[PDB]
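**Q** Each chain is listed here by its residues.
Number of protein chains: 2
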Amino acid sequence: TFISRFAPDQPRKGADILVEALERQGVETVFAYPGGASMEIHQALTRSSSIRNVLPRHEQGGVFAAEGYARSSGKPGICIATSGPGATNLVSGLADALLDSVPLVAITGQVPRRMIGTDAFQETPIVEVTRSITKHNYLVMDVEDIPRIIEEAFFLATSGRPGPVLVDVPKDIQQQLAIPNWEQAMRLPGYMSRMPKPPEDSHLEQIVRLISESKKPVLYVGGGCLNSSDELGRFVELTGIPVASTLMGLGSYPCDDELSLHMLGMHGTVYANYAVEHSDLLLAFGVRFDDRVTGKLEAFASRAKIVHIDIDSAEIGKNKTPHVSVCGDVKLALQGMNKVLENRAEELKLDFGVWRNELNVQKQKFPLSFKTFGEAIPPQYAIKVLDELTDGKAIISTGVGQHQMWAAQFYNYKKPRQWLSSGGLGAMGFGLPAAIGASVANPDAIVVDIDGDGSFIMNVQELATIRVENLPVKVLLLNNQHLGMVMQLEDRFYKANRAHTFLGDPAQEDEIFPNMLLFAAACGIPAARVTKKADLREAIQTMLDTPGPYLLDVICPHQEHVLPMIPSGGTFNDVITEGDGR
Amino acid sequence: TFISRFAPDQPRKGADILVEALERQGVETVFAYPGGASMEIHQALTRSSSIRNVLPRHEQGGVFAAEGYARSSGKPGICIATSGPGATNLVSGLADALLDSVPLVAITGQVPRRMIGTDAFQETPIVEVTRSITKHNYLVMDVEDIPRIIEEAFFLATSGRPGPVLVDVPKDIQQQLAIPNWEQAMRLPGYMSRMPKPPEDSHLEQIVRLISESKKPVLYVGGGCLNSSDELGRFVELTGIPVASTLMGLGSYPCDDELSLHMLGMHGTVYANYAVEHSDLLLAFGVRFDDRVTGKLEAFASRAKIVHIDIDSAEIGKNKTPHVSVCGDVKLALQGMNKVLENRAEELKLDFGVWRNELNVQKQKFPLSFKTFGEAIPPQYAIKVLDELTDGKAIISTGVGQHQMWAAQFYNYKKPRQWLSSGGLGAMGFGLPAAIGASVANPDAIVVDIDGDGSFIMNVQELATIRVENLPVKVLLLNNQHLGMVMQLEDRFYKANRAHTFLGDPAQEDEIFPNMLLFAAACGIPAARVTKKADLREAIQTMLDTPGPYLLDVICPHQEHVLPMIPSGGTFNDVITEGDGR
Ligand SMILES: Cc1cc2nc3c(=O)[nH]c(=O)nc-3n(C[C@H](O)[C@H](O)[C@H](O)COP(=O)(O)OP(=O)(O)OC[C@H]3O[C@@H](n4cnc5c(N)ncnc54)[C@H](O)[C@@H]3O)c2cc1C
Ligand SMILES: Cc1cc2nc3c(=O)[nH]c(=O)nc-3n(C[C@H](O)[C@H](O)[C@H](O)COP(=O)(O)OP(=O)(O)OC[C@H]3O[C@@H](n4cnc5c(N)ncnc54)[C@H](O)[C@@H]3O)c2cc1C
Ligand SMILES: CCOC(=O)c1ccccc1S(=O)(=O)NC(=O)Nc1nc(Cl)cc(OC)n1
Ligand SMILES: CCOC(=O)c1ccccc1S(=O)(=O)NC(=O)Nc1nc(Cl)cc(OC)n1
Ligand SMILES: Cc1ncc(Cn2c(C)c(CCOP(=O)(O)OP(=O)(O)O)sc2=O)c(N)n1
Ligand SMILES: Cc1ncc(Cn2c(C)c(CCOP(=O)(O)OP(=O)(O)O)sc2=O)c(N)n1
Ligand SMILES: [Mg+2]
Ligand SMILES: [Mg+2]
Ligand SMILES: [Mg+2]
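For the protein sequence lines, the chains are A and A', in the order given. A prime marks a further copy of an entry chain. Positions 86 to 667 (the authors' numbering) are the ones given, in order, by the first sequence. Positions 86 to 667 (the authors' numbering) are the ones given, in order, by the second sequence.
Think of the hints as simulated: they come from the structure by calculation, not from any bench. Ideal Cβ positions, reconstructed from N, Cα and C, are used throughout, including at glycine. Any given hint could be a false lead.
[As the list claims (entries may be wrong)] Reference listing, derived: stretches of chain A' covered by chain A, where coverage requires no fewer than 3 residues with Cβ under 8 Å from a Cβ of chain A:
#1 317–328
#2 582–591
[What the hints assert, rightly or not] Label-pair ranges, simulated between beta-carbon atoms:
#3 A:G664 to A':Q626: 52 to 62 Å
#4 A:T131 to A':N527: 38 to 48 Å
#5 A:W267 to A':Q260: 49 to 59 Å
#6 A':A581 to A:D529: 34 to 44 Å
#7 A':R583 to A:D94: 42 to 52 Å
#8 A:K403 to A':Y276: 45 to 55 Å
#9 A:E268 to A':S454: 30 to 40 Å
#10 A':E623 to A:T457: 11 to 21 Å
#11 A':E383 to A:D529: 53 to 63 Å
#12 A:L433 to A':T203: 52 to 62 Å
[To be verified] Sample of chain A residues at the chain A' side, in silico, Cβ under 7 Å:
#13 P96
#14 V214
#15 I542
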C-alpha cells in the first residue's frame, strides 16, 4: 500500500505526478542532469524522500550509469535529461541498451506543446530520432496520461526481451495541475496478446529426447540466462553437457568449472569453438546467433541439431534455422526440462564423458595463453591477479577493446550480473559510468572498472561524480597508449600501418600521455601507476584495500594481440592461435 | 586542374575514392576517430598528402571541432566516425549544426551492405536516426555513387541555408575497387529549381522607399549576415539605422560602434529591445525570429512594418507575418539597396538622428552593468579584460550558460566568424572542441575558449587533443562551482531551492572542485588560477603571452545573475533590470 506525499484529492504539478509514478514503480535511484526543460522534474525529485539522484557530469555518463545500474541488479535503470542537447547525449546509451536488451527508462524534458515543431529553443524531435534505437517511446500530450505512460514504459522496458523506453515530457505538462488516476488500464493489447506463454511439455520432452540421442552436445548460453543462474546449473548436473557462454552470458555458468568452455566466438577459446564445430546437438539458450559468434553461418555448427530457446519470436530463425524451437522464458524451459530429467534419471543413459574428455583434450592443447616479456606487465596477468585478489566476487565493468576481451577471458565470474560490458553496440566509455551505477545498486560490493586509455578518457569527467557521490569505484586502467583493438587490426590486415591509433604525445613518444593519475588527482581520487610485473600484485592489493575510489594506471606493452581470433566472415578452420605486432 | 595520386584508368579502393573526393572539394582538415567499420577510410587518409586528420578523444569532440572549424572560416567542417557507437556520438553535433545552419559534412562508416538490417555488430540505422536533425543524409549503396554523393553532400551542406549532411558508407564499399567518374551530374533537380534567384529591384526599391517614410527604423541582424560584413556596414552609412544583432549575428556590425545596439532578446540589452519595441520599420536581415528574441510574438515589434530577408523561404512568415519579404541572399539585397541609396542620396532625406538620440538616451540610462564585490572577480569584468588585452581581435568560443551570455555582452567583436557559440541547440561542451577547430582553421589567430566549469568538464578529454596537436588554445574558465544558468532560474522562479546545480564537492564545499588545473596538468598544458580582481589582468596577460595551450581558472562568485532578462513568453514591459541571489 503506497503512501503518497499528497492528498488523494489534492491537485499537484505534473512533475510531482511523474516522480510519484516512479516511486510507485519501486524506483529509488535516478541519474538526472538538470536543464531548463526539466527543472520542474528536478524540483519534484528533491521533494521525494525515497528517490536518490546521482548527478553525472555528462548525460552519456548518466545513461551509461543507468545501464550499469540495470545490468548489475536486473532492475530497470532510470536516467533523466533536458530537451535538445541533453536528450541527444542519451542516444548512444539508448542504442546500447537496445542491442544488449537492458531494461532502461529514459525521461527527457521537452519544450511546451504549443512550441513543438517550430524549431524552438533547444527543441529536437527526440522521439523521431530514437524510434529506431528504442524498444518503444512516448510523447506525453496530456498530464493525465503520465501515470499510464510511466506504467507502460516500465512494463515494456522490463517484460519480455527487455529494452530502453523513452518518455518525452513537455514543460507545460510538468507544470500543469491534476489529480493522478493510478488505476488506468495500460493500452497494450497487441503486446500482451503476443507475450510468450509457459512452454509446453510437448517441445520440452522432444528436447530431452534429443539429448539422449545425441553424443556430442554443447550448451550455447547467452545473455538470456542472466536470471536462470540456478536453473542452468541444475540442468547441467542432469546432463553433464559442456557450457559455452557468450560475452553477454558470462557468469551464468561459472568459468572456473571443469564443464565450462568459457567464451566462444571471434575472440573465444579454441576449445569452445571446437565443441560447437563438431557437435550433434546445439542447445542455444538465450542467444541471438551473433556474427561475432558464428562468422560464416553455413559453417557454424554445420553438424548439430539446433535447439533454440528465446523469449523473442523474431530471433528464432533469424540467422540460423533451428530444428526445434521454444518461444518463451528460458528459465521455465530449464525448470520443465529439469523435472523431466529427474523422473527419467535412470531411464536415460546420460553420460557424455566420451564427449567431454574429447574436449578436455582440446582444452589442454589450446588453452588461453599469454607471453610475459621481461618485467613488462602482461595485461592478461594483471586481470588474473585481480581475479585472485578479489576471489572472483567483484563486479567488473569494461570499456571496449583488447582490455574488454582480456577482462572476459582471464576472469572467472561465478554469478551473472557480475560482468558489465557493452557487447551489441560496443560503446567506448561505458566502463567508468557503468561502475558508478553498479556501485550505487550494490553499495557493499567490489566494483572495478577495467578501462582502457581510450575508453577511459572518453567519459573521464565522471571521476567527479565518483568522488562527489563517494563511491568505492576501483579503476584498473590497462594503459597501452593505443587504441589497441584497432591497432591489432592494423598489424594483421594493413601491414602495421598506424592510422591514428596512438593516443599519447608524439613529441615525447616514450612518456605516458595523458597522465591519468592527474585526472584522478583533479577529482580528489587517490591514484598510482604500476610498471613492473613484480610490483603488480602489491599495487592491485593497495587499490582494493584503500577505501573509496582508486585509479591504478597499469602500463602494458602495446604490441600485445587478443588471441585467439576468427576473422570476421570466417570459420573455425581459420582461428588464429598466435601472433603479435613484433 | 586536380592532380590525382592514381592513374585515370587504375582501379582503386572505394575508400581511396572517398578521400580523393574530399581532396577535389578543397578539403584539407578532417576530424576522424578510427573504428573497425572505417579503417579503410583512415588508411586512405594517411595516403593523402593534402588532408590532415585531427584525432579527437571523443566523436562529440570531433563533430564540435568540425563546427568550430566551419563557424570560424565559412568553410564546411568535416568529421568522420565509425559505425554504431562512433556514429551515435555525432548526434548532438548534427542537431547543433542544423539549428545554427553550419555547413558540415559527416562521414560515418557502416557494416557491409549484406549485414544491414540484421542487428549486426555495431550496426545502428544512423540514417534513420539523423534524418530529422540533418539537412540531408545518404547511404552509399554502390562504390560508383561515391563521387556524386560527396559532391551533392558538400553542395547541399554549403549552398542556400547551410546545414549538416551525413554520408553513411558501408565497409564493403570502402574495400571495393573502381575507376571513379568525376563528372556525374548531381541528382538534385528539385533543390536547384527552388534555389533563390537574385533579388528583384521591385522589392528592393519598395524597401528603400519604406526606409524614407519611416521615422524609427531598426536593423534586426542575425546569423544570415556573417558573409555580408562589408555590405552591411556600407548599408548602415547610407541610412544611419541602429543595428540590433542576435547571438548568432554578433560581429556582423561592430559592437564598439555608436550605432550598434549590441544584442537584443531574452538576455539582450535594455536599449536594443526598446528600439525594437518602439519602431515603425523592422529590417530583419538574416534572422529566424527566435522565441529567445521575440518572447510573445504579438508583442514583438507590434508597431513596425516588418521587412524580412531570408534565403530560406520557409522562415518567411513562419512565426511573424511581414509586410515585405525577399527570399534570397541578404548579401545581394544589401548590394542592390546600396546602389539605390547612393543614386538617391540627396533625393532621400535620410537622417534618423532624432531616432538615434532617443535610443542613446535609453542607451546611457540602461547600459550593461555589473556589481563588483570586494576583491571577488566579476566574470563580466574578466571578459572585458580579455577584450582589452586582445584588442577585440580574438576568436572566442563558449560553452552554454551565464559565461556564454557574458562572453556575448562584454566582448566587442569587430568581424563576423570571430564569435563561435551554440545558439539554436545550446549544447554544453561546445567551447573546448570548437576552439580546437577554429585554431586549426586560423593557425595565426588568438583562440580563447570562455568555458564554464560544467560545460568545460563535459568534453575535458579534448585537452589531450589540444596538447598532442600543439594548438595555442587559451581556456578562460569562468568557474562559479555551479550550473549557473539553471541556478539563476532556481533563484528567480523556485525560491533558490538548489536541485542538483552545484558541481563541487559537498564534503568540502569551500574547495574548488574539480581542480581544473590538474586536468590541464594531466595533458601537459600550463595552467593557473586567479582569485582576486587585482591579479586578474596580469593572469590573463600571462595566459595570452605564454605560447601554446593555457588554462586560466577564473573563480567567480556564484550568486551572479545574467541581466537583463525577459522571462520566456513575456514582453519588453517585463525586462528584469537588476537582482541576484543574495
Ligand atoms: C570488441 C567486441 C568483440 C566481441 N566478440 C565477441 C565474441 O568473440 N564472443 C561473443 O560471445 N561476443 C562477442 N561480442 C559481443 C557481441 O557483439 C554480442 O553481444 C554477443 O555476441 C551476443 O550475445 P548473446 O546472443 O549471447 O545474448 P544477447 O545479445 O544479450 O541477446 C539475448 C537474447 O536472449 C533472449 N532472451 C533474453 N531474455 C530471455 C529470457 N528470460 N528467456 C529466454 N530468452 C531470453 C533475447 O530475446 C535475445 O534473443 C563482442 C563485442 C565486442 C565489443
Ligand atoms: C542560453 C541561451 C540564451 C540565448 N538567448 C538569446 C538572446 O537573448 N538573444 C539572441 O539573439 N539569441 C539568444 N540565444 C541564441 C538562439 O537560441 C538563436 O540562435 C538566436 O536567437 C536566433 O539566431 P538568428 O535568427 O539571428 O540567426 P540563425 O539562427 O543562425 O538563422 C539564420 C537565418 O538567416 C538565414 N540566412 C542564412 N544565410 C543567409 C543568407 N546568405 N542570406 C539571407 N539569409 C540567410 C537562414 O535561412 C535562417 O533563417 C540564446 C541561446 C542560448 C543557448
Ligand atoms: C530551454 C527550455 O525551453 C522552454 O521551455 C521554452 C522554449 C521556448 C519558449 C518558451 C519556453 S518556457 O517558457 O516554457 N521555459 C524556458 O524557456 N526555460 C529556460 N531555461 C533555460 Cl536553461 C534557459 C532559458 O532561456 C535562457 N529558458
Ligand atoms: C565492427 C565493424 O563491423 C563490420 O564491419 C562487420 C560486421 C559484421 C560482420 C562482418 C563485418 S567485416 O568483416 O566487414 N569487418 C569487421 O568486423 N571489423 C572489426 N572491427 C573491429 Cl574494431 C572489431 C571486430 O571484431 C572484434 N571486427
Ligand atoms: C565511441 C567509440 N568509437 C569507436 C569505437 C570503435 N572501436 C575503437 C576506437 C577501439 C579501441 C579502443 O581503445 P582502448 O584504449 O579504449 O582499449 P584497448 O586499446 O585496450 O583495446 S575498439 C572499437 O570497437 C568504439 N567501440 N566506440
Ligand atoms: C549537454 C547539456 N545539458 C544540459 C543543458 C541545459 N543547460 C545547463 C545544464 C546550463 C548550465 C551550464 O553550466 P556551466 O557551468 O557550463 O555555465 P554557467 O554556470 O556559467 O552558466 S545552461 C543550459 O541550457 C545544456 N545546455 N546542455
Ligand atoms: Mg565526454
Ligand atoms: Mg588502449
Ligand atoms: Mg558554471
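**Q** Does each hint hold? Answer for all of them.
**A** Hints and how they fare:
Given a C-beta distance limit of less than 8 Å, the hint that chain A covers the region 317–328 of chain A' is violated, as 0 residues qualify and 3 are needed. Chain A is given as covering the region 582–591 of chain A', and this holds because 8 residues of the stretch bring a CB closer than 8 Å to a CB of that chain, at least three being needed. For the hinted restraint 52 to 62 Å between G664 (chain A) and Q626 (chain A'), the CB-CB distance of approximately 56 Å keeps it satisfied. A hinted range of 38 to 48 Å for the beta carbons of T131 (chain A) and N527 (chain A') is consistent with their spacing of about 45 Å.
In this structure, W267 (chain A) and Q260 (chain A') meet the distance hint of 49 to 59 Å, their C-beta atoms being roughly 57 Å apart. At roughly 36 Å, the beta carbons of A581 (chain A') and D529 (chain A) sit within the given window of 34 to 44 Å. The supplied range of 42 to 52 Å is broken by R583 (chain A') and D94 (chain A), whose beta-carbon atoms lie about 31 Å from each other. Between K403 (chain A) and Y276 (chain A') the CB atoms are about 39 Å apart, so this pair departs from the stated range of 45 to 55 Å.
Between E268 (chain A) and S454 (chain A') the beta carbons are some 56 Å apart, a value that contradicts the proposed interval 30 to 40 Å. The hint said 11 to 21 Å for the Cβ distance between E623 (chain A') and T457 (chain A), and at roughly 54 Å that hint is violated. Evaluation of the 53 to 63 Å hint for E383 (chain A') and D529 (chain A) yields a pass: the beta carbon distance comes to about 60 Å. Between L433 (chain A) and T203 (chain A') the beta carbon distance is about 38 Å. The supplied range of 52 to 62 Å is therefore violated.
Contact between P96 (chain A) and chain A', as hinted, is not supported at the beta carbon level, the nearest pair being about 19 Å apart and thus beyond 7 Å. Evaluation of the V214 (chain A) hint against chain A' yields a held restraint, the C-beta minimum of about 6 Å falling below 7 Å. The interface hint given for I542 (chain A) holds, since its Cβ lies 5 Å from the closest Cβ of chain A', which is under the 7 Å cut-off.
Hints 1, 7, 8, 9, 10, 12 and 13 from the earlier list are contradicted by this structure; the remaining hints agree with it.
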